[PDB]
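*Asks:* Could you put together the complete structure from these sequences and hints?
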Amino acid sequence: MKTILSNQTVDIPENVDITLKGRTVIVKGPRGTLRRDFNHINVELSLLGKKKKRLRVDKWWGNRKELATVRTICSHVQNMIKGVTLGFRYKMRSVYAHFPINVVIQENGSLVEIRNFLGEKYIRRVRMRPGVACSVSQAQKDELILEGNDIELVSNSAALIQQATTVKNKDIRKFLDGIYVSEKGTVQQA
Amino acid sequence: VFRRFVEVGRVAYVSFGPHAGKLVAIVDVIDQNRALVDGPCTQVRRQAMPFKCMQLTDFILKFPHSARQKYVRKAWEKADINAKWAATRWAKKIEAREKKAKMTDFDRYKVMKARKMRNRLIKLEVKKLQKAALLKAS
Amino acid sequence: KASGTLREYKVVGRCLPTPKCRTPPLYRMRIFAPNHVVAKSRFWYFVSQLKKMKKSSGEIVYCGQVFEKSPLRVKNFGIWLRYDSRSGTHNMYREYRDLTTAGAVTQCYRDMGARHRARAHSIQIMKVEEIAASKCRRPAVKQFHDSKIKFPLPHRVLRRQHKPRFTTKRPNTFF
Amino acid sequence: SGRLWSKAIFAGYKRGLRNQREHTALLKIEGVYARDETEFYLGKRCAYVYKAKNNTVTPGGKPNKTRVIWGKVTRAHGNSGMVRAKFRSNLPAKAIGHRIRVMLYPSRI
Amino acid sequence: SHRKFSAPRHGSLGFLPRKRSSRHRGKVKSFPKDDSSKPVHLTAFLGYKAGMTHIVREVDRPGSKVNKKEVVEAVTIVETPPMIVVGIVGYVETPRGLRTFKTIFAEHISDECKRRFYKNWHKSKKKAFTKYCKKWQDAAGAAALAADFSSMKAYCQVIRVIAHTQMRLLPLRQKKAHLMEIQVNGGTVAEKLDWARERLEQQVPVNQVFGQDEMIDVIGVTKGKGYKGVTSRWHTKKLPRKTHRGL
Amino acid sequence: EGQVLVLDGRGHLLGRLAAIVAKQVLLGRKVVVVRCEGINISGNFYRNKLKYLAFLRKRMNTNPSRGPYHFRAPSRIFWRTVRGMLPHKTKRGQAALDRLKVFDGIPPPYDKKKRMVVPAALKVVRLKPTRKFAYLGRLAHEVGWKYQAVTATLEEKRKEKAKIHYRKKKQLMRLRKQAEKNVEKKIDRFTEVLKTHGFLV
RNA sequence: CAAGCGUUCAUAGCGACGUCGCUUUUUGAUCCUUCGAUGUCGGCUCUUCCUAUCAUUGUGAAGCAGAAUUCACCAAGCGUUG
RNA sequence: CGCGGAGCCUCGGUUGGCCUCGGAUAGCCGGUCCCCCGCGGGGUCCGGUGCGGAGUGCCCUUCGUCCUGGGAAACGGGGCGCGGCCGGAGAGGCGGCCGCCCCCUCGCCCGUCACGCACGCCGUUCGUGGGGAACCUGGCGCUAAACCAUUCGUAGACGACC
Ligand SMILES: [Mg+2]
Ligand SMILES: [Mg+2]
Ligand SMILES: [Mg+2]
Ligand SMILES: [Mg+2]
Ligand SMILES: [Mg+2]
Ligand SMILES: [Mg+2]
Ligand SMILES: [Mg+2]
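Residue numbers (the entry's author numbering), protein chains in the order written: chain H, 1 to 190; chain M, 2 to 139; chain S, 2 to 176; chain f, 2 to 110; chain B, 2 to 248; chain O, 3 to 203.
With a straight-line Cα cutoff of 25 Å, these simulated SDA-like cross-link-like pairs (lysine to any residue) come out:
#: 1; chain 1: O; residue 1: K25; chain 2: f; residue 2: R22
#: 2; chain 1: f; residue 1: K29; chain 2: O; residue 2: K25
#: 3; chain 1: S; residue 1: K2; chain 2: S; residue 2: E69
#: 4; chain 1: M; residue 1: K85; chain 2: S; residue 2: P153
Take a look, some chain S residues computed to stay more than 12 Å from chain M by CB distance:
#: 5; residue: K11
#: 6; residue: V13
#: 7; residue: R23
#: 8; residue: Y28
#: 9; residue: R31
#: 10; residue: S58
#: 11; residue: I61
#: 12; residue: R83
#: 13; residue: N92
Just so you know, the hints here were simulated from the structure itself, not pulled from any lab data. The C-beta atom is built at its ideal place from N, Cα and C for all residues, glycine as well.
*Replies:* Below you can see the structure in the form of structure tokens.
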């Protein structure tokens with residue numbers, strides 16, 4: 001069964017200005033500008049709301065497996081607004097038993113250096129995606145803070161270092177060592 | 002974004018099939034591929050018609066969703082579809098495809114001579130405007 | 002049985018008179034077939050399943066088409082069914098939204114073929130019945146089903162792809 | 002001083018798959034792609050025209066180097082606007098994928 | 002059935018149109034990727050294997066048994082007189098490959114370099130490059146080889162230098178100099194080029210191409226040994242003593 | 003039709019285009035498929051790369067050099083698929099393959115000629131928008147092509163030179179439409195008899 | 001499929017009573033091919049191929065703390081001897 | 001290189017089209033008043049087109065000759081017409097743009113006559129100064145190498161190779 005129509009409206013706040021180039025939305029607010037194409041998803045992005053108030057996505061004569069693509073665009077846009085108004089802040093804490101995990105950033109972010117994981121000599125280096133500002137925190141002992149605007153860029157950089165600190169040939173039920181994402185938050189809370 | 006929506010009252014130009022080259026008002030939608038369609042004044046009996054064989058215009062009219070051939074005769078008579086079409090450019094490149102196929106061998110000769118002179122007066126001017134765009138470059 | 006565009010050939014017929022019973026009853030069935038000769042034959046298939054009657058011991062009295070009383074008015078047809086899948090035999094109700102009872106089961110025969118791979122010789126039409134707005138369960142039909150109906154025709158592919166088989170302009174699909 | 006012979010290509014002879022019948026030839030006239038389109042060329046004369054190395058007489062002219070097999074269109078062939086034509090001699094299989102010239106002159110307008 | 006006791010194969014297939022080589026001077030099949038930031042230099046040279054001998058040296062690889070001990074190393078010595086540049090050649094990148102633009106030889110050429118042009122010399126009149134050398138002093142001494150360097154400057158990407166050996170400085174009985182194209186792995190064509198335009202008719206000693214303790218590659222032709230049996234060629238096993246038809 | 007054909011392979015389907023090319027070569031017409039790196043095949047990428055590597059594993063064991071020649075450049079890939087639709091074992095089949103001419107990128111004289119499209123083979127027409135598909139340019143690269151980089155840097159240098167041609171031709175039409183309006187009373191009874199017979203409306 | 005074993009716990013590892021298959025490295029059945037003869041066991045040598053993976057690369061499982069070890073996945077690249 | 005005269009042969013063809021990029025639930029063009037970049041490029045606004053008419057359903061150019069004697073159109077075209085400066089390299093093979101000589105007056109309407117009118121009939125009409133092979137005029141240039149024989153081994157069954 002093809003469904004005749006499904007849609008959903010995004011409530012754009014007053015800080016931001018969204019302006020769509022056909023199917024590629026660009027989103028600029030206080031912190032910066034973000035962009036994301038959607039020339040794979042085949043929907044109608046309307047900007048019906050005036051002065052600027054609604055990004056409305058249609059789908060159209062689509063069936064089950066494409067009607068699902070309606071909201072996933074809707075969310076990819078609010079995440080874009082929530083990233084340019086407040087900005088994402090992923091926190092990750094270092095966990096270990098004996099050997100202290102020794103983090104130090106090296107350019108501004110862009111190089112997270114990890115010594116002494118499980119006592120290993122091999123020093124692990126981890127790039128960051130562009131626009132992600134990694135930083136060693138304060139008001140906590142073993143804790144990094146990854147900031148930026150793109151949820152996509154920030155959270156995979158978090159995974160890049162969460163997946164770099166993995167144990168081999170052990171029972172990871174016992175050896176609970178590594179740097180784990182502890183809190184997916186925001187920069188400003190409002 | 003779209004601007005021509007299959008509606009109750011949208012006028013459509015019939016692409017091909019038995020009624021090709023006429024206008025028609027969409028009375029009702031039967032299914033995903035078939036519409037109950039009616040052209041009263043363009044001599045099309047009320048019948049089903051697939052969308053794959055009709056391309057829809059910019060006109061609308063305002064009969065209700067199952068009106069009966071007398072109220073769609075109005076709202077097509079007034080608001081004057083039959084004279085507003087034939088003022089479209091659509092209806093003027095139609096009736097140009099018509100007029101090349103309906104062209105004797107004599108006519109085809111007059112235009113061979115007429116166009117040869119037209120193409121030359123316009124050619125001497127373009128050669129003259131470039132003379133002026135090069136003198137302006139000076 | 003095969004197809005075409007189906008038609009509503011209704012039939013009546015009695016079990017020809019013996020000396021004992023001189024006025025047997027008459028039975029009308031709404032047989033549903035592409036012409037006479039098979040509409041007569043689908044009758045004896047259904048009366049032999051219900052009465053102790055055969056083509057030899059009987060006779061068809063009236064075979065004639067019954068043709069739609071409202072062919073310019075879209076209607077909602079529910080149609081009860083019984084076919085033969087590869088394992089057993091199952092009963093169904095299905096809804097089709099065309100404007101002529103005949104065409105509405107022409108669609109159904111197309112679907113059991115399309116959605117269940119059931120050929121016409123396996124299917125039996127219990128009874129077709131046109132329905133009002135409500136009492137419609139299938140949302141595939143239940144969605145048109147309003148007043149301010151509205152679509153665009155989004156990705157309008159061009160046929161005529163062999164009128165000019167070679168062209169300079171790449172086509173268009175937005176209109 | 003131009004065509005006076007609408008262009009056409011000799012595509013093959015009327016055949017099955019593992020048979021072949023050489024009397025009838027299949028012409029693909031240019032600019033006609035519907036079996037409804039082709040009722041104009043029924044009856045027309047065609048002309049395989051070719052030259053080979055020895056002089057051959059010529060009506061209204063001197064001995065040329067040009068010869069022709071000399072044919073006539075019979076009927077349409079398939080939905081696609083092909084045309085079945087049989088020439089007086091059978092075509093030489095050298096002309097497969099070459100020019101023959103359907104003329105206009107046995108016209109029926 | 003299968004092989005009872007498995008074993009490796011004899012001799013690598015990665016070598017095996019094992020034929021008499023079609024060339025004699027070792028042809029470079031790939032030159033190093035030219036990083037266009039470091040200065041201009043040559044990538045190859047052309048020497049002559051002479052013999053071998055013992056070396057005695059001190060070793061510095063701490064943690065090994067032979068750290069600060071003396072070892073002996075067998076060393077070849079490749080007699081390598083300075084090579085002479087005669088011409089430059091341009092190459093331009095194509096989908097179909099890497100084509101050659103424009104070869105431009107110098108005004109003089111050599112004597113030894115002429116040898117490499119004809120099979121029999123003393124029978125010939127030695128006319129090679131006797132009218133190309135005429136181009137290098139006239140009006141056309143600007144057309145065919147000044148608009149050409151500008152052409153090779155516009156459309157060329159890779160520039161090699163044709164350079165020949167000096168066969169007269171060696172003890173060898175040969176006099177046919179050996180030419181070879183030696184790519185210039187400098188940076189920025191027109192600097193890659195207004196350096197070899199200078200070194201035309203010029204010497205190039207080995208200390209320009211190579212420095213001490215530098216890893217190089219040697220590209221020559223194996224020593225010849227003729228027709229050989231399967232036992233010498235592919236190093237197979239010998240069959241037992243009893244085999245009737247050959248072992 | 004008639005003279006030398008030029009088909010721009012971009013936006014086309016490998017086999018869909020190859021079926022139409024091969025019938026027109028067999029009718030004596032000369033075809034030149036260009037830009038074959040833009041040709042694309044239906045079905046997602048990995049499906050096709052995996053399908054191509056199965057071709058490479060087909061090779062005469064006792065000696066490979068005689069065996070099936072797996073070409074790598076896109077043209078030869080495409081040329082192979084046209085050859086698979088011609089009777090190349092006979093004289094008319096090989097005679098056909100010579101009327102064909104397939105290029106990777108877009109070289110001289112053909113770069114300065116209007117090139118056409120086969121919509122019955124075009125991708126935006128035969129394919130559904132919700133399906134994946136691969137480019138014969140990418141497919142060739144991971145199978146062992148060597149000049150994806152060069153054929154790209156060369157066509158960016160030609161796309162910059164042809165943009166100049168169009169911008170000047172775009173400006174000549176600007177003079178024509180302005181000269182048409184600047185002299186429009188001594189061609190008035192000419193443009194009249196053009197639009198009475200459908201020309202120029 | 002699952003009654004059970006596994007201190008407890010069906011399914012970590014196993015698995016009865018049953019049941020569905022694959023395979024042609026076992027033997028049979030059969031007698032289609034060859035009796036104007038296809039040289040009818042092993043071993044030696046040599047190549048290549050399969051994966052129903054013993055090792056090694058990368059991994060997921062454990063009744064995996066470490067060590068050791070079984071279970072499973074992508075995998076036939078290179079090994080598999082005196 | 002130019003331009004000359006015959007003669008085997010191998011054939012196909014019988015106006016051209018001299019070009020953006022690409023998008024496809026979007027594009028094309030204008031014009032920019034305004035802004036940024038290197039006459040252009042990018043941007044923003046607006047105005048037109050979009051079953052595309054600055055549309056390959058397209059565009060271009062003509063297809064009996066000449067006379068002369070009016071109108072509309074008026075410096076176009078040419079003499080392998082001649083020199084110089086460009087631009088183009090992906091397998092370039094093409095154009096483009098400037099001086100000078102001589103000559104011609106040609107597209108469209110009209111008058112005015114003419115041109116073997118071969119007597120109803122077929123391969124007519126061209127890309128054609130085709131492609132290839134042999135031979136008769138002028139000007140400028142030219143001036144060999146290869147293989148054998150010999151020799152050498154860095155090579156070898158002979159060949160081949162240095
Ligand atoms: Mg362990
Ligand atoms: Mg001829
Ligand atoms: Mg083994
Ligand atoms: Mg013995
Ligand atoms: Mg228990
Ligand atoms: Mg024998
Ligand atoms: Mg396996």
